[PDB]
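Trainee: Letter by letter, the chains look like this.
There are 8 protein chains.
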Amino acid sequence: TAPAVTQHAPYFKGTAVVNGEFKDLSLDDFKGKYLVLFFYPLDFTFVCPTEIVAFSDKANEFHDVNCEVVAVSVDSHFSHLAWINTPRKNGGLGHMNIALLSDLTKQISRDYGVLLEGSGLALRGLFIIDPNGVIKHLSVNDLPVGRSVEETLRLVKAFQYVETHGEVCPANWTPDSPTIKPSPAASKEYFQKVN
Amino acid sequence: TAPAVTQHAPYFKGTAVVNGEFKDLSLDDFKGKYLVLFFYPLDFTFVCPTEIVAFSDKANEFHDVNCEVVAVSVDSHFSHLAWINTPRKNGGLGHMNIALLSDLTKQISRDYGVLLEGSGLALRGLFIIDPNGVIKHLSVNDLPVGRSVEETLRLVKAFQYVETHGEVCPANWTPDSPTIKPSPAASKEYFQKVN
Amino acid sequence: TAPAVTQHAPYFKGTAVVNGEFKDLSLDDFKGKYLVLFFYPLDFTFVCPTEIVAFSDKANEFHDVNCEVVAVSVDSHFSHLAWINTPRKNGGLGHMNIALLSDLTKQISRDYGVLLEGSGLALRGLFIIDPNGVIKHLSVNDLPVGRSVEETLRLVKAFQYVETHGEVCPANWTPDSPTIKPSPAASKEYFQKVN
Amino acid sequence: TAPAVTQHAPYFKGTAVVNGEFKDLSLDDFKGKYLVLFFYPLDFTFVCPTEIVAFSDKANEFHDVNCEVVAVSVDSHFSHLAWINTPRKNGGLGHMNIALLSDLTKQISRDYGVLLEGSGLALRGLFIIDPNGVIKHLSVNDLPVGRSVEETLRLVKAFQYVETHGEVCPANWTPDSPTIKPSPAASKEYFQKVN
Amino acid sequence: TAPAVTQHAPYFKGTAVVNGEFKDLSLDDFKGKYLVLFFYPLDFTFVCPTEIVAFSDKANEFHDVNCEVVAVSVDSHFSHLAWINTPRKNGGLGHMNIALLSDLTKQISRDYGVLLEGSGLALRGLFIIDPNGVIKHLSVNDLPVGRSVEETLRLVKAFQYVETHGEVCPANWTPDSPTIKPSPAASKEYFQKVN
Amino acid sequence: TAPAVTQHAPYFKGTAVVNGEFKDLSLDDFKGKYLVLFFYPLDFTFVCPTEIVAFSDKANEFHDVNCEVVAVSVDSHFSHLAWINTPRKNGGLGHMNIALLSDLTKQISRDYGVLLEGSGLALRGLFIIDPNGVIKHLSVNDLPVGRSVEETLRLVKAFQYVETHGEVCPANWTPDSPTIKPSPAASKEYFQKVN
Amino acid sequence: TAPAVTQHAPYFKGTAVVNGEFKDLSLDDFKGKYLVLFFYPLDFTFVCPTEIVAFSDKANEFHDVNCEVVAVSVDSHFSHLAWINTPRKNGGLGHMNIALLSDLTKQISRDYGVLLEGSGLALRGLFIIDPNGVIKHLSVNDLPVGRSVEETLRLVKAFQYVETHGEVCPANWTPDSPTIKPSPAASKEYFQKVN
Amino acid sequence: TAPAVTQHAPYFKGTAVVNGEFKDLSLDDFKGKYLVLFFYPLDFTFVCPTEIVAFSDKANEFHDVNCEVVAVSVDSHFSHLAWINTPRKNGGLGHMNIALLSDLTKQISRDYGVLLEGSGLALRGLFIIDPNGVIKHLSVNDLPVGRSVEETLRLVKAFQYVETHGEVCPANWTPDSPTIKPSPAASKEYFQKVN
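Residue numbers (this note's numbering), protein chains in the order written: chain A, 1 to 195; chain B, 196 to 390; chain C, 391 to 585; chain D, 586 to 780; chain E, 781 to 975; chain F, 976 to 1170; chain G, 1171 to 1365; chain H, 1366 to 1560.
Same shape as in the complex, but just chain A:
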């Protein structure tokens, strides 16, 4: 139970804003589902809203592949709601298709290893978590650079492809792209094909 790949994700619990109303959210609530838990520093800032809207606009694609997406920061759930009720044109989020988790005690960010104690706020950490609570991917950016929603989805689709076909995913894999049977003899028909 640690924030590192192949380990169980640390237990978390906070009040979230889901679909415009307050709701409590636990790690247990996603047993059976994939989860993209992603941290951002602060509400009403600059990179953060662009990521949050980008994930919200693609949320249906994540939900279609049994994946929930929850954004997490250290602000109150009241700040989350206020930011939801701000229009995008004025730096706000608008109506949200993803959960917004309040980590007001900072303990979720601390346990996920992404809190800068001096500042009191999370780095841009993202965690892809499988149905059994195991971490499959993680990535952290420094504050001034936003994450790729397209790449996050590519990875979720990829981890699902290997578990339901038993072939591994090459670099730059997309759906319908060739894959490799992970035995030396059988891996050849891939290598032939692309060269």
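Among these hints, one or two may not hold up.
Computed list of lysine-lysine pairs in DSSO-like fashion (alpha-carbon distance at most 30 angstroms, straight line) [said to hold, decoys possible]: (1) E/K869 to D/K674; (2) F/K1163 to E/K968; (3) A/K188 to C/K421; (4) C/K448 to C/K578; (5) C/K578 to A/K31; (6) E/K961 to G/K1183; (7) C/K413 to A/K58; (8) G/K1193 to G/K1183; (9) A/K23 to E/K973; (10) A/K31 to D/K616; (11) H/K1396 to H/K1546; (12) C/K413 to C/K571; (13) B/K218 to B/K208; (14) F/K1163 to E/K838; (15) G/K1351 to E/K803; (16) C/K578 to A/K181; (17) A/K31 to C/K413.
If the Cβ cut is set under 10 angstroms, some of the chain A residues that face chain C in the computed set are [to be verified]: (18) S26; (19) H63; (20) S119.
Keep in mind that the hints were calculated from the coordinates and are not lab data. Cβ atoms here follow ideal geometry from the backbone N, Cα and C, with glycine treated the same way.
Once you have looked at the hints, place chains B, C, D, E, F, G and H on chain A.
Mentor: Chains B, C, D, E, F, G and H in isolation, oriented as in the chain A frame:
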């Protein structure tokens, strides 16, 4: 020094294969340049060769933006070379535009927090390190899924952009896409442009 | 850890025939794959070979969905091989595409609660185990009635479908047929669709 | 008596809904008939109504082979009735040709080893119980995947065949399909025919 | 904690229907507020729908005095909703202004001393729990006689009057009728006035 | 026997004041009649005299429905009389049309689960015991809030109505308001009429 | 227990003057009632008599809202009494309508955190303790400035308003002024009304 | 240095919003001036905006007596700004005449002993601090009740009166109300005057 974003990259030293020839590399050889330091589990496997050839094929684009790429694993440098002298068509690497660093003692992988201690091999870990040895990004995939060379290049240009221009990069930023002046008043300029 | 649905499948270890060669297998070897573990009473009987050759002939379809099939009985691996080298025309197995596991001590059967202690042989027990070692389905017949391979494959694909699409599978669900979003309002879409 | 193949099915008694009226059912009532006793988690859910209406629309075929079908869950007999009185378009059952038994105390599920005590509901257990109250078969699914009524019916027809013909049924046996005389010499007739 | 007057109400947790959606409630959710917690045997019965619609119709008058109203029974939350989507004309509930809590494990009823173990359903128990959260009044009818919502509201109002005025409420007291200063000399005012 | 609903009321015996004279009462003295047995803390207090005079004033209406009313407390029977010979104007009782039972040993209160051991006095417990002599309703207020005599009489009348009519009494039922035939088809009459 | 808001108030015990007579009282004695426990440094001083007289003239209004008022200092109950018998013109108190508690050992002042150890006298601490012995407000002034008796009465009425109406009290709230429903949608009614 | 009367106020430093601009504040920016430092739980709530707007509308009466007012909470300075930019009609602050200080690390609230570690927010703490950094008054409210702006002003003026003139202020003292010379002989003047 720690393997965490915002902290100094841990020192490393080892034997590499540059340009068909053995050569010592350390972290200090990359001061002044950006560094993409990416770990892979084992030579003569499956996802690994597809990632190394993809980075080798795109190395001119990294070099044009003052970025070096080095692949690392727990194998010897004699393994690295033998794999270079295997045709791609047969699961090999062929000619190489990037360094292949040997981490025979495993200490590099351990110091970078990507060593599965029980198996004796590294996860798919990737670090972007700036001219001063500071880690700007890191990411870790489990073994069955390869990384994106495109997203690595995106992120490098994003960190360079914010250095040059004093502006922050939104989600899904490509070069020439809009950026955000990171003050409350000046940011509206961005949000109006895209809503 | 018990032979029950939702629980972790008991650890097992034994000698198996794989391509006419003796080879060890444990539950650990199938970490990452789905596993159909099916018990059958005795080698050189009547129903048993019809089941084993049915599973062997459809083995590629199982492997295409990241699933190993492993037939288990209380005979020695030396009997399994002898039975492979009997032709099917004469009640044998012939060439095999699945593993034949020997449970010579009878511990595996006893741990999976399919052992008839009185006779010292197992019932027609089938267990479907996910990549995570958790039992998704169990199924037992009395000795005179063989099982359906088509139905076992149906259940593997259904458990895979729910884990990658988040929808639940109706009765008699097949690939391409409708499914249900498991929420009260969202589930009406299914019920309108088929009435 | 225990919930295991070849053993006597445990005694149950409870209130059921039979043809719209409430009526007591006991295991005693099915002496002399075959019995498909199937458990489902909850009324007014998603997979459950699909399983129940599939069984109900085929009940004629079960009845024609002296077999009764009894659905069971932890809800009251009043929920059962209210659900019968909901249209199928709206997630209900409509008219039922099978009994819906209420296990309000949770005892029947506990006695048949399918109660999840933590949640207070039953897994997808199905038992084929013969005219002397012995269990010939049992299947269990995790909650998100429905069962096959088709296969349930194939198994009842198969067990009846061996009782009245003294020949064992191969894998994927269907009516009017070859069967095996279960002695070594006599069995060769089957194995020559199908090869 | 114990289900008796002057004692802290037992802790309870469970899934409730709150505005047509599945929420999670606990005794902690009502700290700071008076709670009327009332049990009823089963959904889709006779006296119960009359009790629940009576409270839901006067729910505003309880909210106006800092009081929540929660109906409890041993039914699933999916039944609670089905009953909410049955019209009152047809024995149903209609739109609800109170919570409907699922005691599916039967634990809450057991803990509050109202579970008839034999039949597995609750008696008509009612508890007025104060804001911290001590039981001030409990009442229990047998199954065929419904409670008075009027008297329940009289009692919440009486207990609130005594906390904020330091006088005690006579038999049959209603808002504005006389009260008693509980001191031998001071009480003479009350007794002189009403005789 | 136990002080709970559906159970036989505990046996009790003691000296009571009945028409200004010391009589002896027991639970056997009320076989054949409904009994309202109500406890109060202490004679010469504040809410208690108001409760006792309210019941004594409506005592005729209970007798007219075969019901006796008995007040109980831990005081001597000599206090009960002194209080009877205190005028109502001066905090007293006046002439009484109900019995006043002495629980001097505190045993009755203890047996009926209403004795606060610490202070040695009863809470405001009330029990409607039927004619043989099962408890049909119990209620308990804390000390500073008096009960409703009106509601007590409503409940005796409701329990008598259901015994002699076989219909069940809704919430807020009063003599002459509609009632429910407790059958799914029969109850439709009630629900149609009042909506 | 502790002298902080939201905690249980520390137990105290001491000899107090009530109606010119010595009488022991403790925190227990005020269970069920609000309490305003205020400390003052010393009898026969300057600000202190003006606080005590101000409360004692307003005490009728506190008792009318179920609130006791208790003055506490380190002086003897003999000084307290002597100060009562001094006239107000002459620096005294006169007849008193509030308790004067002697903290002669200084232990009450030590436990409430108001004791200046060097001088052996209390700061001007005030505590509003609710009916369950929980602190709702505290306030300390330095020695040369008296407290507002009006503001103390306002807060008691405010804390009672929120327990019996479920709405929160704005800044400068007085009885009959607007209050806020503490949900986000319902709070707009207030914010629109006052702006 | 501790959050107690007569002691030096703990040092704090944080980003505040001042005239729509971010700007660092520290305790020693307020040396030579009286400071009213008041904590509130969270931005975008209910009681908090009423206190903040009330103090801001009286800020000039504070400024004229050389007193500053600084509101503090654990929210980001960005939330403060988004909330300044929300109109009052819609639950916001609008223009502000006071600093809103961010306590993103929560250290300030922890140092002033007003933080609830469990939930991660401040109680309604308020502190008057003199020109030498010494605390003269403190008060904490529980969350549902707002403070009195008038009484804070009353107290700031009271504490100045005593430094200027060397006379003590009685209870309910207002500007130009009589004060007391703190000497036995002299204090008589006050007592003769006001009686």
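Trainee: Next, verify each hint and record whether it holds.
Mentor: Do the hints match the structure? See the list:
1. Restraint check: the Cα-Cα separation between E/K869 and D/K674 comes to about 21 angstroms, which is no more than 30 angstroms; the hinted pair holds.
2. The hinted pair formed by F/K1163 and E/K968 fails the criterion: a straight-line CA distance of about 54 angstroms is larger than 30 angstroms.
3. At roughly 24 angstroms between alpha-carbon atoms, A/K188 and C/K421 fall within 30 angstroms of each other, so this suggested pair holds.
4. Our distance criterion of 30 angstroms between C-alpha atoms is broken by C/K448 and C/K578, whose separation comes to about 36 angstroms.
5. A threshold of 30 angstroms between alpha carbons decides the hint, and for C/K578 with A/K31 the separation of about 24 angstroms falls inside it, so the pair holds.
6. The suggested pairing of E/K961 with G/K1183 holds, with an alpha-carbon distance near 26 angstroms, which does not exceed 30 angstroms.
7. Simply put, C/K413 and A/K58 have alpha-carbon atoms about 47 angstroms apart, too far for the 30 angstroms limit, and the pair is violated.
8. Taking the CA atoms of G/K1193 and G/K1183, the gap is about 11 angstroms. The hint holds against a cut of 30 angstroms.
9. Between the alpha carbons of A/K23 and E/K973 the distance comes to roughly 53 angstroms, so the proposed pair goes past 30 angstroms and is violated.
10. Distance hint between A/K31 and D/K616 is unfulfilled; the C-alpha atoms sit about 43 angstroms from each other, more than 30 angstroms.
11. With a C-alpha separation of about 29 angstroms, the suggested pair H/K1396 and H/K1546 falls inside the 30 angstroms cut-off, and the hint holds.
12. This hinted pair does not check out: C/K413 and C/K571 have alpha carbons roughly 44 angstroms apart, beyond 30 angstroms.
13. The straight-line distance between the Cα atoms of B/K218 and B/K208 is roughly 11 angstroms, inside the 30 angstroms bound, and the hint therefore holds.
14. About 24 angstroms separates the Cα atoms of F/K1163 and E/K838, which keeps this hinted pair within 30 angstroms; it holds.
15. Taking the CA atoms of G/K1351 and E/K803, the gap is near 21 angstroms; set against the 30 angstroms cutoff, the hint holds.
16. Our distance criterion of 30 angstroms between C-alpha atoms is broken by C/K578 and A/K181, whose separation comes to about 40 angstroms.
17. Pair hint A/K31 plus C/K413 does not hold up; C-alpha atoms about 36 angstroms apart against a cutoff of 30 angstroms.
18. Hint status for A/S26 relative to chain C: violated, with the closest Cβ pair at about 18 angstroms, above 10 angstroms.
19. With a cut of 10 angstroms, the hint placing A/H63 at the interface with chain C holds, because the nearest CB-to-CB distance is about 7 angstroms.
20. With its C-beta approaching chain C no nearer than about 36 angstroms, A/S119 sits outside the 10 angstroms limit, and its interface hint is violated.
The structure is inconsistent with the numbered hints 2, 4, 7, 9, 10, 12, 16, 17, 18 and 20, although it conforms to all the rest.
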